[PDB]
Amino acid sequence: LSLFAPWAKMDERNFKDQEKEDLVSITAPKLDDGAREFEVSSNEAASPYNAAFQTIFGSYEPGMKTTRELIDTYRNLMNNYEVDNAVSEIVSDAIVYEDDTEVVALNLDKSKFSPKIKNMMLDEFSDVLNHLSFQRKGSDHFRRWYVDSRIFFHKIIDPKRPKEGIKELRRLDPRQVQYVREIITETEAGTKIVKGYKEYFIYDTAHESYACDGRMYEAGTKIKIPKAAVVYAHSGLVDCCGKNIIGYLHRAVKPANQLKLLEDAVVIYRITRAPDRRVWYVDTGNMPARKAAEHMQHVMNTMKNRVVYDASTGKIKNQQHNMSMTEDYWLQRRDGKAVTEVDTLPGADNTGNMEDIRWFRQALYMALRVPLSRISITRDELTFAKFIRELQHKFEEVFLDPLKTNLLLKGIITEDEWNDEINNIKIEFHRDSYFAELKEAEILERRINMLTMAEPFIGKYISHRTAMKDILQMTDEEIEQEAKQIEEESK
Amino acid sequence: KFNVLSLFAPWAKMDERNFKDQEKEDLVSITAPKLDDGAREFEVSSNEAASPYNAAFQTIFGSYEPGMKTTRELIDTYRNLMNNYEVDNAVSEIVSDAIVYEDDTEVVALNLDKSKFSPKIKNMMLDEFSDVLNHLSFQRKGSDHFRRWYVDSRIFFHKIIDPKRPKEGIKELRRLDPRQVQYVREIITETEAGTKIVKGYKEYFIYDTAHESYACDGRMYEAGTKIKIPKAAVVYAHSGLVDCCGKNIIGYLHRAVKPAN
Amino acid sequence: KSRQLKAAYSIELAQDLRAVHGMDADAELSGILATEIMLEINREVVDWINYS
Amino acid sequence: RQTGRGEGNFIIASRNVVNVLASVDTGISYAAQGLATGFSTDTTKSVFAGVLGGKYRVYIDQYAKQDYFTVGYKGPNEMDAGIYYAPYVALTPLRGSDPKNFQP
Amino acid sequence: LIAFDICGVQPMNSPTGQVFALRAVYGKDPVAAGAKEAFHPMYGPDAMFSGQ
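Chains as they are written, first to last, in this note's numbering: chain A, 1367 to 1857; chain B, 12 to 272; chain C, -8 to 43; chain D, 10 to 113; chain E, 4 to 55.
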């Protein structure tokens, strides 16, 4: 499609660079994650012909088919109770906002060609977060990503004036997108040379009907999109084989479902058998079927309790009289024996001890990737913070990609420069100031207490510089600066 | 031979040199294999008028391949244990402690505080070390590399060389897929009432090609043949954990498989 | 002008295939039919070249 | 063509055939021959002569009865080979003694 | 299959399209038996037309 020709141009050049370098004498393909495998000698690039049909079809009928089941499952979990709070808390910690503060921000703390470039990157970054409407939607993008473990956006280009083409991007739906790679190169007894892979995407509409009853006519789809044309990030969570990327909630699927099932078991137990239950029994042998019925009808339609508690209001249907102190009933005995009778059935007795739910609920919470503090600095909170940082580091590619894109597309930087510069030029996320202050406060109190203890010997056996650098963990520069500021204040 | 697998020609030369050094060693009058762990040794006994190695060949061929099959069952299980609650976190916590990495912190770093030829070399070594980490994308994925080592019991990589100017055209590593490599040792030597020789063993490895789809196993097949490649070409490491005996290497979660299930 | 074909199959066959090869067989048929059409057109083009 | 699975990729042949392959220029060139250098002709060491033209794994039949060669194909799979061997029991030793005299 | 790199395609967004062709002619009647083309790759010969 001509629609993505400029992106194809970029992919072709990237592929060429791979071909240019001696990325050869490789057995297992040089792939960590993402795209699903295919191999073919050079083909007709004009359209996704049968080699691609089979690749895509092979990636869709046995592929997207069950991916969709998994994503829908992930969403069903996301929309359930309690488990969604876990997600919310995770998302919230990753994405926060505060009054008159920053939001995610590019930290240009590395050597760069020039400060004027640094300023251009900051402006490009700002446009990107605005493109994503981060200030209103950062939480939603992150949430979907966490839940699904893959996020994609359609990349915009003019392209007659491509330099000005970066614009608000279109987040694409999971269940409509597939990652596809192909090897085009060959050697003896297996291909072991530059297997460039390309790693492009397939995206369509088609059967848009599941939790919403959709309508459409029959049509073919299977659109091929250049890698360069899409902004995307994903988790590092992969299944036993292939490159099937799974959700952060994958761990919780087992227990989330058995817990719900157990809860239903408790619920059904408590409701079923709650009302009075009884069977009126009568003998009707050697009677016509429509005569036999009378013995039963004379009891069944006469000894019915027509009084019913109305679930919709504090009243009992047809109760008048107010309430009898006695429920009077009878059966006639036509035979000269104690033959007829009415039995009751077991009721909804109280047996819980509702303890399994507690067990399973706690196990689930652990499966949800949360601290046990959920219903001072601790190990779980620190661990969780480490987790959030890693999630953000992965999510972050959503900014880095369109950032390098427009910087290069406009021409500010070159690709070579990007690669030399990063080398980790990270975008920081905003941190909760209240909690940050508390952590720092604990640390400070600890430093003071230790200093206090050292103090009696600080003028004879232990030096001041030592206490400052080891107990208060000050740097040498920090100490000198503090000494100068102190002198100024004194005088 | 004609080295049909030109893929590893420079690595083959590295193994030849090491093998020759062993041939020149005085490590004789040794009844023991002289081995502790890693690659699976067997009696490929040759260079003597009995040729017993043929049985060894046929054993490996005819029985292909319970070693790697067991390995798969163990790894597949390891992953399935990790998939549950608590196991999941235990692994994560361990991996995190093994490799702690945060804003402006230190990475695994080569500490050359011992005697060297020259400070110039110390800097060269550190610069190369940094590139090793860059090759591994350690600063982004060191955690994943370690996790696999811990969980699957082993980590391994394919080393990549030019090959035109192999001592110059040195490229980044390709993390190899668990369950696809067999590590082996061959006793190619014999003497009076059995070998008491150096047993250089070559200690090479064999890569099993595989292309599983949605199979989640080698459901129909893996991919036919395997390629014998010189040890110089592979980076590998493993846990000090085995079955009751042999080179039946297990993961750290193996010990828990009983109660896990 | 058109080209088109149908699947021609039943449930018992699928049940057996699930047991035998572990196949759903629907996509299998669809892919086959797709394949035939594309190959046949390809021939259609080549053959008309040879014709003309 | 006939298999529909792929071009022949190996040949097993007589000594004479092999001697020729190793003594001629198998590449595309005007004309050439000389002493065999091209492949391994010595069955003492191998059965695998080398790869002919980089295309056919060429092997030698040390027990050929007369003089011929067979060309064939094997795919990446083990099923796609035409001919397969499927061991159930292999190289299984038997051991014991005859109690009458304890001979092994 | 040699899909379509050996032929044109000219894909359409509708069925049953049309293609136009232009020929230069001479002899004052573009549509007639005996009408002559001005240009043709196999002949372009008529050195007597504007001439003798």
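Derived from the structure by calculation, the hints contain no laboratory data. Keep in mind that a hint or two might mislead.
[To be verified] Taking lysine to any residue pairs in the SDA-like style, the calculated list, with each CA pair at most 25 Å apart, reads: (1) A:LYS1396 - B:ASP124; (2) A:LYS1590 - E:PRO48; (3) B:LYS182 - A:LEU1397; (4) A:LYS1382 - B:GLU223; (5) A:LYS1431 - C:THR26; (6) B:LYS170 - A:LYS1588; (7) A:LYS1792 - B:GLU223; (8) A:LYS1588 - C:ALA25; (9) A:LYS1626 - A:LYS1590; (10) A:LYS1588 - C:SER(-7); (11) B:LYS242 - D:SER55; (12) A:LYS1792 - B:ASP124; (13) A:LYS1835 - B:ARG186; (14) A:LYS1683 - A:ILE1743; (15) A:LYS1609 - B:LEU184; (16) A:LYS1588 - C:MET29; (17) D:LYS83 - B:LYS258; (18) A:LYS1590 - B:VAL209; (19) A:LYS1396 - B:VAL246; (20) A:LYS1835 - B:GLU117; (21) A:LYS1564 - A:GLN1501.
[To be verified] Cβ pair distances, simulated, as ranges: (22) A:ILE1743 - B:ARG230: 29 to 39 Å; (23) B:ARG230 - E:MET15: 40 to 50 Å; (24) A:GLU1534 - B:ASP48: 27 to 37 Å; (25) B:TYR232 - A:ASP1438: 27 to 37 Å; (26) A:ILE1559 - E:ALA27: 36 to 46 Å; (27) D:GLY43 - B:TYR232: 37 to 47 Å; (28) C:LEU8 - B:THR236: 27 to 37 Å; (29) C:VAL36 - A:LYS1476: 28 to 38 Å; (30) B:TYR232 - A:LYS1609: 14 to 24 Å; (31) C:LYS(-3) - E:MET15: 43 to 53 Å.
[Said to hold, decoys possible] Sample of chain A residues with no beta-carbon within 12 Å of chain C, all distances over it, derived: (32) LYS1431; (33) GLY1586; (34) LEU1711; (35) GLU1747.
Even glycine gets a Cβ: it sits at the ideal position worked out from N, Cα and C.
Now the hints, each set against the structure:
1. A:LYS1396 - B:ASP124: Distance ~36 Å between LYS1396 of chain A and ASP124 of chain B Cα, so the pair is violated.
2. A:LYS1590 - E:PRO48: Roughly 51 Å between the alpha carbons, so the hint for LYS1590 of chain A and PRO48 of chain E is violated.
3. B:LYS182 - A:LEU1397: holds (15 Å)
4. A:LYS1382 - B:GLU223: violated (29 Å)
5. A:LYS1431 - C:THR26: Holds: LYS1431 of chain A and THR26 of chain C sit about 21 Å apart, inside 25 Å.
6. B:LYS170 - A:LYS1588: violated (38 Å)
7. A:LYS1792 - B:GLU223: violated (37 Å)
8. A:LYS1588 - C:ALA25: holds (14 Å)
9. A:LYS1626 - A:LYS1590: violated (40 Å)
10. A:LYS1588 - C:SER(-7): holds (21 Å)
11. B:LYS242 - D:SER55: Answer holds: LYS242 of chain B to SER55 of chain D is near 23 Å, not above 25 Å.
12. A:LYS1792 - B:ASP124: violated (32 Å)
13. A:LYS1835 - B:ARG186: Roughly 42 Å separates the two Cα atoms, so the pair is violated.
14. A:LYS1683 - A:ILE1743: violated (59 Å)
15. A:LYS1609 - B:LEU184: Distance ~20 Å between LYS1609 of chain A and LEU184 of chain B Cα, so the pair holds.
16. A:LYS1588 - C:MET29: holds (16 Å)
17. D:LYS83 - B:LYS258: With a Cα-Cα distance of about 33 Å, the restraint between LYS83 of chain D and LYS258 of chain B is violated, given a limit of 25 Å.
18. A:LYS1590 - B:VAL209: Violated. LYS1590 of chain A to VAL209 of chain B sits at ~59 Å, over the 25 Å cutoff.
19. A:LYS1396 - B:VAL246: holds (15 Å)
20. A:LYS1835 - B:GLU117: Distance of about 19 Å is within 25 Å: holds.
21. A:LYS1564 - A:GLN1501: violated (34 Å)
22. A:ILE1743 - B:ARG230: 29 to 39 Å: violated (49 Å)
23. B:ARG230 - E:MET15: 40 to 50 Å: holds (43 Å)
24. A:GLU1534 - B:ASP48: 27 to 37 Å: With a Cβ separation near 57 Å, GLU1534 of chain A and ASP48 of chain B fall outside 27 to 37 Å, so the hint is violated.
25. B:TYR232 - A:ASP1438: 27 to 37 Å: holds (32 Å)
26. A:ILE1559 - E:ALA27: 36 to 46 Å: violated (54 Å)
27. D:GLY43 - B:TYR232: 37 to 47 Å: holds (44 Å)
28. C:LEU8 - B:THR236: 27 to 37 Å: Holds: the Cβ-Cβ distance is about 30 Å, inside 27 to 37 Å.
29. C:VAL36 - A:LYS1476: 28 to 38 Å: violated (57 Å)
30. B:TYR232 - A:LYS1609: 14 to 24 Å: holds (19 Å)
31. C:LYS(-3) - E:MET15: 43 to 53 Å: Because 26 Å falls outside the window, the suggested range is violated.
32. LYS1431: violated (9 Å)
33. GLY1586: violated (10 Å)
34. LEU1711: Non-interface label on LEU1711 of chain A holds, nearest chain C Cβ at 41 Å vs cutoff 12 Å.
35. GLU1747: Given that every Cβ of chain C is farther than 12 Å from that of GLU1747 of chain A, nearest at about 47 Å, it holds.
Hint compliance for this structure: hints 1, 2, 4, 6, 7, 9, 12, 13, 14, 17, 18, 21, 22, 24, 26, 29, 31, 32, 33 are broken, all remaining hints hold.
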